[PDB]
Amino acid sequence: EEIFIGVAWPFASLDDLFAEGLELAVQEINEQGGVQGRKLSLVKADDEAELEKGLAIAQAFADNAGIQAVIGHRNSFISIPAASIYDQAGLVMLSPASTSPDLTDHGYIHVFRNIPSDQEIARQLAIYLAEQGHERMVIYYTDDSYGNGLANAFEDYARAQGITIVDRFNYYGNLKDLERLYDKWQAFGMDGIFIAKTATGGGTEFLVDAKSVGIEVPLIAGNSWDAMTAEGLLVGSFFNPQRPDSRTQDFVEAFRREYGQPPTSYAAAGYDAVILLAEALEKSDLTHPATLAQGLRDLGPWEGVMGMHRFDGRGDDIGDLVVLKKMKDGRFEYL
C-alpha cells in the first residue's frame, strides 16, 4: 500500500530547499492517486557530503528490497563511486546535482542525472560569450580532475567559437600578484574570465579579490555559483522560474504557496526527479527494480518544470536544460 524512493543528500548542511521540492512532488503524486494505487514515500538519508557516509548509504539503499530507485547524490566525487554500488545492484540512481562528465563514462546502465553536465554548460557558455563579442579570455581553474575537466571543455568549445585562451592559472599568492597577472592579461587584450573553480572551492575568494584589484572584465562561472560584489556575474546553470511554460509556472506558484519563498534550481531538479521516477514507476514491474532504467529511457522526451528532459544511452540528460543567469542587483536575470 506503500512504495519508497531513497534520497541521499547533504540535508542538514544545505539551506537549498531541496527537501521542499521533493516534498511538493510527492504530495502532487499522492494527490493524483499515487503509483499503481500505492502511496509514495521518501526514505531520506543525509550523506553529509562525505564519501564514506555516501558509500554506506548507497549500500544500505541497495540492500533494501523496498527501495524502488534513489535520488542522489549531490557531489560528483560521491555520486561517481556510489553509482558503482547502485549499478551493480540494478537500482536506479538519478542525480539532480552531479555535473561531472565522468559520471556517465563508466559504462553504467542504471545511473542517470536530470541536469546538464559540465560539458553541456561549457558548450552553451562558449556560444553565448562569442555572440557577446568575447575573443581573448583567461581561465582560473582548480588543478584537480573536475577543475581540469571543466577548463578543458570550456577551452575546446571556446576555440571553436573563435575565442583564444590567452592565459590559464590555478593559484595566486596575494593581491599584489593578482595585480601583476592583471597587468599581463591587459597586455594580452583580455576581455573576460571563466572561473572553473566551484564557489565554495576558492571561487568566491577570487571574485572578491578581483573586485579589490579592480578587474573590470566580465566574470563567468558554472553551476555551483547558483547556490553585492557579484554584479554582472554570468552563471551557467539550470531552471528558469520565468520560463513562460504551464508546467514551470504551475510549480513556481505551488512552491511559493506551500513554502512562502521562491524555489531554487535544486528544488526544481528534485521536483522533476520525483515526478520523472513516478511516471516511469507507474509503467514498471515494482518487483524488479532493475527494469526501471530502461523504463526511464523509454520515456523519450519528457516535459518537466526545468524544460524538456531526455535520457541517452549513457544516462546523460540531453534535453535543452541549460539556463544562463546574470547577477543584477543581487538577483539573477534570465537570458
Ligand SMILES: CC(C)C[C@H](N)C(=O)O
The other form holds:
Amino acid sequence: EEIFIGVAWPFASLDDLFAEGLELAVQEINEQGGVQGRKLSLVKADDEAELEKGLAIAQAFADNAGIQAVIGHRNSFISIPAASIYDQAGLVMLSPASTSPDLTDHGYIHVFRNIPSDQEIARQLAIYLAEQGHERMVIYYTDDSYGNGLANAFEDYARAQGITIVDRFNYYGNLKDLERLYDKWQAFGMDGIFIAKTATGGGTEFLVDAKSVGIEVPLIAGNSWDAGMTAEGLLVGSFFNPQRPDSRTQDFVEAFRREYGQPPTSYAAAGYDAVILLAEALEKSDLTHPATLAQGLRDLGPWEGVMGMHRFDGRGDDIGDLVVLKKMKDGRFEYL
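What would the structure be for the form solved without the named molecule, rather than the form deposited with the named molecule bound?
The text that comes after this line covers the one chain and nothing more.
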C-alpha cells in the first residue's frame, strides 16, 4: 500500500527544478523499501501563485484523510494564511521556499520550514559584513511585506554587529535622483549597500542604474537573487552549497547531474531534503494519527541533509547551519 504527502507549488508556471528534486527523492525512498514497507507517493496540487487557489488547495488537503503531511507553498503570502488551515487541521506543513519571519510567529504547532528565514540570512550577512570591516551602510528597501521584513531584520542585526545604517530609502525617481543620493552617501562615508528588493521587482534595474551612476561600494542581496555580467561582485545570502565537502551533498549533486543533465538549484535541493526529512520522521511515527508527526520532527534532529544539518526549534524554524553566502564571479556563483 501507499502513504501520500501533498505538494503545493506553482508547478506549471515555474522552471525552478523543484519538481526534479522531489522526483529524485521519492525515487530514492521507494527503491529502499519505501517508508514502513509502504510506497511513497506525492499528490501534486498547482496553486498558480494565487491566494484564492492556494487556500482552496490547503483546504482540500486538510479534509483528505490519506495525507500525512504537505510540502509547500512557495510564496510567503500564500504560506502564512495557508499555515492557519494546516495548523487547525493537525496537518504538518513543511515549507521549502517561504522565508518570511512572520510564518513562525503565530504559535502554530504543525508549521515548519526547512530553509533559513529572511531573518537568519540577514543575521549571517550582518556578521559577515562586520567581520570584513564594513562600518557604515545604506539600505534600499521596498515598502511591502518582503521588503520591510528583510530590511527590518538587517537594520537590527547590523546595529547589533556594529554597523551604522547611515541611510535607508525606498525610492528614486530617475538617474539624477540617484546621483543626488550617492553624493550624500559619499559624504556619509558609505561603504556598502544592502538591497532588500526582490531581483525581478526593482532589484536588477537598480543594479544597472547604480553602475551607470558610478557607485563602487560592494552590494548585498537576499534570497530572491539565487534564481547580466554587471552583477559582478554581488554578494547573495542564500542556501545550499553544491560544493559542500560531505558525501551526502556530493552524492546528491552527482545523482542529480546524471538524471537531469544540469547541476541542482537550491530549490531542487530544498525539495530533495524536505521529502527525505518527512520520510525519515514518518518511518518513526504512528501513521494512524498524523498529528504525532509534528513532535516527531522536533526530535528527529539533528538530521544530515543535502543542505547541511537540519534541526527545528519550537517555533518550527530551521536553525541548523544552512545559510550559504554566494558571490557573483564571471556569470556563476562562488561560495564563501
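Residue numbers count along the first chain shown, from 1. What we label the rigid core is the largest C-alpha set whose atoms superpose within 1.5 Å from one form to the other.
- In the core-aligned comparison between the two forms, the Cα atom of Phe11 sits 1.1 Å away from its counterpart.
- Aligning the rigid core leaves the CA of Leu91 displaced by 0.4 Å between the two forms.
- A C-alpha shift of 2.0 Å is found for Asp144 between the two forms, based on superposition of the rigid core.
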